[PDB]
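Quick setup: one chain, the form deposited without its partner chain, written in structure tokens, and binding and motion questions come after.
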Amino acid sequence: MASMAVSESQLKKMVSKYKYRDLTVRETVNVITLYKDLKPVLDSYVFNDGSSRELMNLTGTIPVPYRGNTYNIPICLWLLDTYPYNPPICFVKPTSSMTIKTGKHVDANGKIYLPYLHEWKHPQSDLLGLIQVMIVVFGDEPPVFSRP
């Protein structure tokens, strides 16, 4: 029904250096088919060691209902080149008009912490599952504020 953003074939070229390419591509297709404001992008990730690698991330918004409105929560999900056997590294990405609300699941840099990420195991864990969890958690406790 809706338009295509990126195809499987194009994605496969983007993750050409990933160790488990078909698995990564299939899950990415399922995510962006369902969440149409999440876009796959190739970008440089800087680890704590100082090393950097070109990684695909999913960036955009997911829809989260909260007290009578539906909010588009901006997120970024980085896929390591060993995806799906390591969890994504996940961030909320506030605009200039937003603040990060820190708590048990979100730090001051916007990094997300979840049992689902800590317990990650393929094939029981996957991105679709992760996003459902984020929607529940963020629906209970919004991770970005924009008004008093």
Second form
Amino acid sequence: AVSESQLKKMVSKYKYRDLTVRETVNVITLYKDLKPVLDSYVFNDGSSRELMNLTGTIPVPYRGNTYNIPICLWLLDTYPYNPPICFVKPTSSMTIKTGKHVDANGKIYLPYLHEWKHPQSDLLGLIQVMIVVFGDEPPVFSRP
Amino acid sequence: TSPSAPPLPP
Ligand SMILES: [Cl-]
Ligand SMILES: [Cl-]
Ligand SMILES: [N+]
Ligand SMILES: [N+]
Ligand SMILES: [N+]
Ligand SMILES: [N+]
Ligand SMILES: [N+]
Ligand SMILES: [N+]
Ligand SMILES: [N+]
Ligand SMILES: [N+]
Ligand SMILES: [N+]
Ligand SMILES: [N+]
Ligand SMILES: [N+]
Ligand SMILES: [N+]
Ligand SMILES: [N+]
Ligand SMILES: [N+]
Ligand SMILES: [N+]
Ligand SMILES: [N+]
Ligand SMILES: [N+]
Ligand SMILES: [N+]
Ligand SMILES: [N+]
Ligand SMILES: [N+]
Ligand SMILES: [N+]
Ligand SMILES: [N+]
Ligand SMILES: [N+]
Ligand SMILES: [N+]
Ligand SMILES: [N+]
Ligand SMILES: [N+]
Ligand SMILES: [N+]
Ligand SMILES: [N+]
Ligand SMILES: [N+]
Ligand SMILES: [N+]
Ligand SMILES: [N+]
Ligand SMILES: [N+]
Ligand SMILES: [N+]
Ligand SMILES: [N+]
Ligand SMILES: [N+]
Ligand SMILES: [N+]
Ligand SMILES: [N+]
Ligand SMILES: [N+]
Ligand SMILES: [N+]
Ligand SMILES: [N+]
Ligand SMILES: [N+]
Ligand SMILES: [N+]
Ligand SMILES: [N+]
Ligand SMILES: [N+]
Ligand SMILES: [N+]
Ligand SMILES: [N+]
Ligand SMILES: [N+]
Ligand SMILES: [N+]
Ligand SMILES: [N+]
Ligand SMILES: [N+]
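For the form deposited with its partner chain bound instead of the form deposited without its partner chain, what are the coordinates?
In what comes next, the whole complex appears, and the chain from above leads the way.
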């Protein structure tokens, strides 16, 4: 979706650029509908930082169909030593399905994130558990 | 492609 050189420039203010670029490429080379975006992230306390996120869709199997489920994964400037902050991003034609892994704001909660530790944990492994969990219980539904 | 999701039951 963007070149390795442009990705490196996007994360110029990151503390661990080579590690963040490598883990990001490892996902966007396989998941072509995820794109790195530089945007202003608002922390829960109202402070903000310009961060790279992955925005787009991941393919999720459900009842023999495959959905392009919209997500946003924010990388903190300490990536990969702290987990990404992850959201389901419903379109105007979707609603969030809440449960133990998804709140009404679309924030994702997983053991993978709670137990995050570099280098056991990585961005590709997070996408893989997200696809397994959402295939069991899709986190968004379209209009009836 | 475009975002998609299973239709909510009515
Ligand atoms: Cl929209
Ligand atoms: Cl909603
Ligand atoms: N990764
Ligand atoms: N993708
Ligand atoms: N892909
Ligand atoms: N961007
Ligand atoms: N705030
Ligand atoms: N998205
Ligand atoms: N998306
Ligand atoms: N997708
Ligand atoms: N699939
Ligand atoms: N399924
Ligand atoms: N599934
Ligand atoms: N389905
Ligand atoms: N499918
Ligand atoms: N988000
Ligand atoms: N950060
Ligand atoms: N962590
Ligand atoms: N985090
Ligand atoms: N992070
Ligand atoms: N999250
Ligand atoms: N959204
Ligand atoms: N989005
Ligand atoms: N979205
Ligand atoms: N959930
Ligand atoms: N759910
Ligand atoms: N939230
Ligand atoms: N969301
Ligand atoms: N979590
Ligand atoms: N979380
Ligand atoms: N899980
Ligand atoms: N879980
Ligand atoms: N998990
Ligand atoms: N993890
Ligand atoms: N996990
Ligand atoms: N884990
Ligand atoms: N392992
Ligand atoms: N799945
Ligand atoms: N699954
Ligand atoms: N499943
Ligand atoms: N399922
Ligand atoms: N779930
Ligand atoms: N859910
Ligand atoms: N879910
Ligand atoms: N829809
Ligand atoms: N729909
Ligand atoms: N819906
Ligand atoms: N429906
Ligand atoms: N859809
Ligand atoms: N369903
Ligand atoms: N349905
Ligand atoms: N229904």
